[PDB]
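Engineer: Residues per chain are reported as follows:
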Amino acid sequence: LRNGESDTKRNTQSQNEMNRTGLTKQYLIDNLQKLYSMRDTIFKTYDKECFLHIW
Amino acid sequence: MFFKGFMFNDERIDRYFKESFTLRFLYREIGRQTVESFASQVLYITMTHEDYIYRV
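Residue numbers (the entry's author numbering), protein chains in the order written: chain I, 223 to 277; chain J, 56 to 111.
Okay, chain I solo, but in the shape it has when bound:
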C-alpha cells in the first residue's frame, strides 16, 4: 500500500517597456507654392497701419 502527496508554488513577476519613435517627412510641390509669401505677409500689416500712404 503506497500513498503520496505533492505541492508546488510557482510565482512569476514580469515587467515590459517599449519606447517607439518615428519621423516622417513628405515633400510636395503644393507646399513650396504656399511657402512663397509667408515672410512678405509680415510687412503688409506693418505697412497698412504704421506708415503713410500718400506720396
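No lab work stands behind these hints, which were simulated from the structure alone. Built from N, CA and C at the ideal position, the CB exists for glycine as well. Certain hints may be false.
Examples of chain J residues lying across from chain I (beta carbon under 8 Å, computed) [unchecked claim]:
(1) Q88
(2) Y107
(3) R110
Since the structure of chain I is already known, use the hints to place chain J on it.
Structural biologist: Just chain J now, with coordinates in the frame of chain I:
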C-alpha cells in the same frame, strides 16, 4: 551694389540666382530715383524669400 553683401551658403545656388537676376533685368531701368533705394528693395525681397529660393 545690388545684393549688398548677401550670399547664399551654397556656391552654385548663389551664382545661378544672381546670374538669373542680372540677366533678366540687364537693360531694365531701376524703379527708384537712386541705386541705394533700389538696392535696399532688392535686398529686402531677397531676404524675405530666401527660404523659397533655397528650396527652389
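Engineer: Check each numbered hint against the structure and report the violated ones by number, ascending.
Structural biologist: Failing hint: just 1.
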